[PDB]
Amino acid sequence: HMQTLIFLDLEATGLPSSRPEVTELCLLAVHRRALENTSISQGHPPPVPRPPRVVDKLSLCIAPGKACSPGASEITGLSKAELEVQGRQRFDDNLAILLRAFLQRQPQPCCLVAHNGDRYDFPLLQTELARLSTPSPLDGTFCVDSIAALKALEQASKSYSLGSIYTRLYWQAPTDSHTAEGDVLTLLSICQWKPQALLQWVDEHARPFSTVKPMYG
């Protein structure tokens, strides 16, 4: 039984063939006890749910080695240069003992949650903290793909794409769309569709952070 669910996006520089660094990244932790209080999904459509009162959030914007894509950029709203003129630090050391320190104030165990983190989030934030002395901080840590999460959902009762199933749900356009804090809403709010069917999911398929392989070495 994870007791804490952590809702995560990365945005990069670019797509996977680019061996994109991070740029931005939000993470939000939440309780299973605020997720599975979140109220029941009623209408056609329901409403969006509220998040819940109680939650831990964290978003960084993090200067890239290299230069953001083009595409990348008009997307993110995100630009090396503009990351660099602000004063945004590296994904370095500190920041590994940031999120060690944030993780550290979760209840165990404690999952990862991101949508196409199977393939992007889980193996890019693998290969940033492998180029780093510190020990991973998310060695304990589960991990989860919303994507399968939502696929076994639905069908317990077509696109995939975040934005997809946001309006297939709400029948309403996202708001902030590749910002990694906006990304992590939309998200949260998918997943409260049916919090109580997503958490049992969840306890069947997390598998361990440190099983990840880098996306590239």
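Heads up, when I say rigid core I mean the largest set of C-alphas that superpose within 1.5 Å between the two forms. Numbering follows the first chain given and starts at 1. First, how it differs from the form deposited in another entry.
- Among the residues 57, 178, 31, 168, the single one whose Cα moves by at least 2 Å between these two forms, once the core is superposed, is 178.
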Contents of the next structure:
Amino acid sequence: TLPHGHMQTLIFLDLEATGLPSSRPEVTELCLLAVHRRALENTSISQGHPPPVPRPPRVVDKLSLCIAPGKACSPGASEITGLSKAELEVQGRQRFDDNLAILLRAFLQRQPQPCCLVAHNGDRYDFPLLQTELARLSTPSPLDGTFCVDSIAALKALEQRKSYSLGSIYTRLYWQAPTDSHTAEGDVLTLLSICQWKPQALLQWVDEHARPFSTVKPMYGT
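Could you give the coordinates for the form deposited in another entry, as opposed to the form deposited in one PDB entry above?
Partners and other molecules omitted; one chain follows.
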């Protein structure tokens, strides 16, 4: 008895932004990687020690975008993300605007439903912040029929002290350092690899814990 049925699409998501929550941050980068349930189930299962790092499914949809913020990145944010408001502006990046919502809506529409976003620390950071950015637009949110889960909770359950930083998890499971860029897409690819460690168990946990994105409280309001 699942709350919202079997999820047919998992969208691995990462957001980068200008700072930490009390700073009222703005998104500077966004990556979505949509995988069908069956592509995850077709991940080959490894019983060796260490398990090889899974490769991504052949069939994936990917969207990665840089976004000009209205406010400057903190020094810590620019160091960690490698992005700056000034550099995003000189490369002509656009704000989080109605055309971006058109793009997101059309990308989501290509995915079989029910669909669930999966983000590392999404419950405390990525999801509330995405909710805030979408709430500013006059466009109705394209995510109001989408579900979501936090992969920190997923991996805590799948593993049954331990750090739950993305890199710490990857190294604990695969016993090699992560090699992805430190970009939103690199973080999404590292998360996909972690989620392919026990893909059937991950899907089961996601099905049991999916909640409507419409219930995510905005990080901050107008």
